[PDB]
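Here's the letter readout for the chains.
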Amino acid sequence: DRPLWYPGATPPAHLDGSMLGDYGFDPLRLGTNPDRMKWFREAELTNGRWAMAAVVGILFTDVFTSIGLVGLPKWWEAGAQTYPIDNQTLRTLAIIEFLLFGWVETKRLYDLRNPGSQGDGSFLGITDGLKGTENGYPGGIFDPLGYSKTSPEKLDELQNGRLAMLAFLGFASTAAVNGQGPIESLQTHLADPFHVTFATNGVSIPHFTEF
Amino acid sequence: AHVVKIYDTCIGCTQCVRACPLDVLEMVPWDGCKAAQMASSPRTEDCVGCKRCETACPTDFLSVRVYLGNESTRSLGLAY
Amino acid sequence: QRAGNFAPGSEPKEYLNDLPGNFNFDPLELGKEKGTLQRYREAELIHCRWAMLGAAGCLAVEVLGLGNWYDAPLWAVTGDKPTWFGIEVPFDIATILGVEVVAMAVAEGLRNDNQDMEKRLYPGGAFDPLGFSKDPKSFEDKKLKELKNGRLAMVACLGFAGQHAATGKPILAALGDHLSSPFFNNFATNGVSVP
Amino acid sequence: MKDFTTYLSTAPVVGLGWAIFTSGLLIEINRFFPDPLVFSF
Amino acid sequence: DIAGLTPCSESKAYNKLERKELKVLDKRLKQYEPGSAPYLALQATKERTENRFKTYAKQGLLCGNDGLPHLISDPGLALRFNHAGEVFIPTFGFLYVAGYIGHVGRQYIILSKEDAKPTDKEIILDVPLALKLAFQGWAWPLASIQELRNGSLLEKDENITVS
Amino acid sequence: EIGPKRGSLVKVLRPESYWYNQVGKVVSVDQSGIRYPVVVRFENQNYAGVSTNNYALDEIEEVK
Ligand SMILES: CC(/C=C/C=C(C)/C=C/[C@@]12O[C@]1(C)C[C@@H](O)CC2(C)C)=C\C=C\C=C(C)\C=C\C=C(C)\C=C\[C@@]12O[C@]1(C)C[C@@H](O)CC2(C)C
Ligand SMILES: CC(/C=C/C=C(C)/C=C/[C@@]12O[C@]1(C)C[C@@H](O)CC2(C)C)=C\C=C\C=C(C)\C=C\C=C(C)\C=C\[C@@]12O[C@]1(C)C[C@@H](O)CC2(C)C
Ligand SMILES: CC1=C[C@H](O)CC(C)(C)[C@H]1/C=C/C(C)=C/C=C/C(C)=C/C=C/C=C(C)/C=C/C=C(C)/C=C/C1=C(C)C[C@H](O)CC1(C)C
Ligand SMILES: N[C@@H](CCC(=O)N[C@@H](CS)C(=O)NCC(=O)O)C(=O)O
Ligand code: SF4
Ligand code: SF4
Ligand SMILES: C[As](C)(=O)[O-]
Ligand SMILES: C[As](C)(=O)[O-]
Ligand SMILES: C[As](C)(=O)[O-]
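Line by line, the protein sequences give chains 4, C, 1, J, F and E. Numbering-wise, the first sequence is residues 123 to 333 according to PDB author numbering. Numbering-wise, the second sequence is residues 2 to 81 according to PDB author numbering. Numbering-wise, the third sequence is residues 32 to 226 according to PDB author numbering. Numbering-wise, the fourth sequence is residues 1 to 41 according to PDB author numbering. Numbering-wise, the fifth sequence is residues 78 to 240 according to PDB author numbering. Numbering-wise, the sixth sequence is residues 65 to 128 according to PDB author numbering.
Hint data in this document are derived by calculation from the structure and do not stem from the laboratory. Heads up, some of the hints might be wrong.
As the list claims (entries may be wrong) - 30 Å max Cα-Cα, derived DSSO-like pairs, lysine-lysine:
#, chain 1, residue 1, chain 2, residue 2
1, C, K6, E, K75
2, F, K123, E, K69
3, 1, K44, 1, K200
Said to hold, decoys possible - Where chain 4 lies over chain 1, by a calculated footprint (3+ residues, C-beta under 8 Å):
#, segment
4, 38 to 50
5, 214 to 220
Said to hold, decoys possible - Going by beta-carbon spacing under 7 Å, a handful of chain E positions derived as facing chain C:
#, residue
6, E80
7, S81
8, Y82
9, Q86
10, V114
11, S115
C-beta atoms are modelled at their ideal positions from N, C-alpha and C, and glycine is treated no differently.
Use the sequences and the hints to build the structure in full.
As structure tokens, this is what we get:
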């Protein structure tokens, strides 16, 4: 167990067992049953891994836009720019998305159900590489960077994934009330840190600041 | 009149007799634990059917059940 | 015997062990009783054979250029005599239906009275005059072959009617539409398939 | 004090504390937010 | 256009009703001086009445031949349009709150079945336990589905029946 | 020596009994010999307000 979420006098019940990114945070006791805990673990993994590859598309692409090197659109209308484009693969996108996902999501599903259970002659000659070392941690995928003894670098992945999920939640909450993008909000907030603040946009009470 | 029955489910608490208002049922030999009595209905010409004996019987389920039948001068509680 | 799993790593179903074309499919756990599974396999084989015939005919009509599979009986409303390769068969509407009813009645009634649980599925004698089933090893293989090829024809024929219902175009015409611009001419761009 | 806190688990508590909380909350929501009959979207 | 109803801005009866209400308010509003309390009360009432009539006509809600608003309750008609708030999301909000309530009450009544004389706890509640469970039920959809897959809510036919 | 151990809780199978399929501890299995030897005790009341009853040994069964 790594440091606790509350520094003082908040005893965990079932989070004394070892697990990646365990800071003893479970106020609602949603992971008491070990099987459901084992499921929610993969839940975190798939959410974090997905939000990180998403926030990078919002962060690293808009930093060049503000500097002026590239003229890409903001994400709150990047979806609207696509289909008006001349060569536009129109919205047969969603359904082919669902098909192409489903085929893989079901494999991951049945692997979580029967861990590392891939038939011998099921997939052409690559059945062998599809067996995963652990749940949510497959072998054949990472080419280098996994054959070390200090395998507990998964802490970095989990902390960055949680930070990126918070990042995308903040992006969706900002681009909804601030009207501007994340980089633009950051730059205006560095310009004048006392006026551009969530208190002026998001809460209904302080809008009656009539002296 | 009122067909009264007494099943084997009984402990002989002597309560459905000190509660009956018409002195209809008796308690003669039974092989019990401490008291050893069982209720019986030898006569029914005076039973009115008030179901006061069914309220005091603590047996589960009740030991006595009054099968409601036909009415008469005694069964209708008629002083006239 | 077992040819594969529908989902790799799926937990096997003990109902289907000794069956031909075993893919461990039945997910709703039907045919679990030992009696119903026989009828259901008659259903498979017979539907497969009928389908394969229907799909072959639908494809042949358009491949040889005689017309549409949907416009096949449709002459019955205009009145023009039916045609098989433009030979213009002369029979009327009622005669066709009557002969169909009587012939199907006779054939189906004869088929039903077999009461040989293994021949109700795979008849013999006159139905395979060439004697392909005499070899035991090739017989199992051809069984699997017809089962698969008829499971395709069954899905194809439903794709035939499903395609025609959303877009009236014929089979080869819709195929050419799709092969012309794949990403644009699809089933989500129909406006009727997915709401 | 102890017997008083124990007494404060009966009808004269939540059932009063409750439903007072709820009446107050609903009245305040209908006061600050005057007349809702359909959601924002 | 659905069900022969028309958006509620183009309803002459709706505007006639608004004018009627305003006339009825002003006829007795003219009884008091602009400084007294009743006058301010009627002014504020007229304020939020005009606000009623203005704020409704946004995102679309159908009024019929009577000019009054009519709620559309079918999912599918609230979709393909903009009526998902008439009654589609309120359904889910009530379902959430009712879940919350039933979940908390059930877990309370279960955790009390273990101690001696639970009947007392039903007339003398465990206020701190009720407060704790009150601030733990806002994830109940997660706990309900997996407690269902668990089986800790199905009683294995050990109850009193008569047949 | 005849009925279940005293203090061991058991259920009821009297078809006509208020207490049915639910468990109740035994007061004293009557060893003197009688058709209703097992006296079971229940905390919750019945329609009549009685807490205990005696049953036959062919009716009671094991624990949950
Ligand atoms: C924040 C979040 C979840 C929050 C969970 C919380 C708070 C839970 C907290 C607790 O449970 C614990 C832990 C313990 C419990 O005892 C108590 C509570 C308190 C209950 C999920 C984010 C989830 C984040 C996800 C899944 C992000 C996916 C983002 C995507 C797909 C974005 C896509 C695009 O943005 C691009 C990239 C470009 C654009 O142009 C186009 C679009 C399409 C918009
Ligand atoms: C595909 C199909 C049905 C599919 C059903 C399936 C897969 C069921 C699957 C499952 O049960 C399993 C296995 C296991 C369960 O736990 C789960 C489910 C999911 C329930 C029927 C096809 C059925 C296909 C049939 C019967 C085809 C017959 C073709 C005919 C009759 C054509 C006639 C003509 O076309 C000609 C030939 C010439 C033209 O000119 C004129 C006309 C008249 C149009
Ligand atoms: C597995 C493997 C294997 C092989 O072999 C190799 C390789 C290839 C290497 C691999 C892969 C990898 C990868 C992909 C990685 C990635 C990651 C990521 C993406 C992260 C992110 C991550 C991300 C992140 C953290 C993010 C974060 C963010 C944040 C906080 C934000 C904040 C904010 C907000 C709120 C709002 C405002 O307005 C702005 C700001 C201020 C800005
Ligand atoms: N464009 C939406 C209609 C709803 C909408 O977004 N309207 C615009 C005005 S036409 C709006 O409200 N914009 C709010 C904003 O930009 O913040 C649609 O496709 O149905
Ligand atoms: S019904 Fe009344 S009168 Fe008759 S036996 Fe019972 S107590 Fe006596
Ligand atoms: S009242 Fe019932 S249990 Fe008691 S002696 Fe009479 S019949 Fe038996
Ligand atoms: C891993 As599970 C109990 O959510 O199917
Ligand atoms: C509430 As909005 C920024 O989606 O119009
Ligand atoms: C769409 As149609 C001509 O089959 O009714």
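Going through the hints against the structure:
About 28 Å separates the Cα atoms of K6 (chain C) and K75 (chain E), which keeps this hinted pair within 30 Å; it holds. With a C-alpha separation of about 80 Å, the suggested pair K123 (chain F) and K69 (chain E) falls outside the 30 Å cut-off, and the hint is violated. A threshold of 30 Å between alpha carbons decides the hint, and for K44 (chain 1) with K200 (chain 1) the separation of about 42 Å lies outside it, so the pair is violated. For the segment 38 to 50 of chain 1, the stated coverage by chain 4 holds: 5 residues have a C-beta nearer than 8 Å to a C-beta of that chain, and at least 3 were required.
Remark: the segment 214 to 220 of chain 1 is confirmed as covered by chain 4, as 6 of its residues place a Cβ nearer than 8 Å to a Cβ of that chain, reaching the required three. Interface restraint check for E80 (chain E): the shortest CB-CB distance to chain C comes to about 5 Å, inside 7 Å, so the restraint holds. The restraint placing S81 (chain E) at the interface with chain C holds, with a minimum CB-CB distance near 6 Å, inside the 7 Å limit. For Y82 (chain E), the shortest C-beta to C-beta distance to chain C is roughly 6 Å, which falls under 7 Å, so the interface hint holds.
At a threshold of 7 Å, the smallest CB-CB gap from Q86 (chain E) to chain C is about 13 Å, leaving the interface hint violated. This hint holds: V114 (chain E) has a C-beta 5 Å from the nearest C-beta of chain C, less than the 7 Å allowed. A distance limit of 7 Å between C-beta atoms decides the matter here; for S115 (chain E) the minimum to chain C is near 10 Å, and the interface restraint is violated.
Against the hints set out earlier in the document, violations occur for numbers 2, 3, 9, 11.
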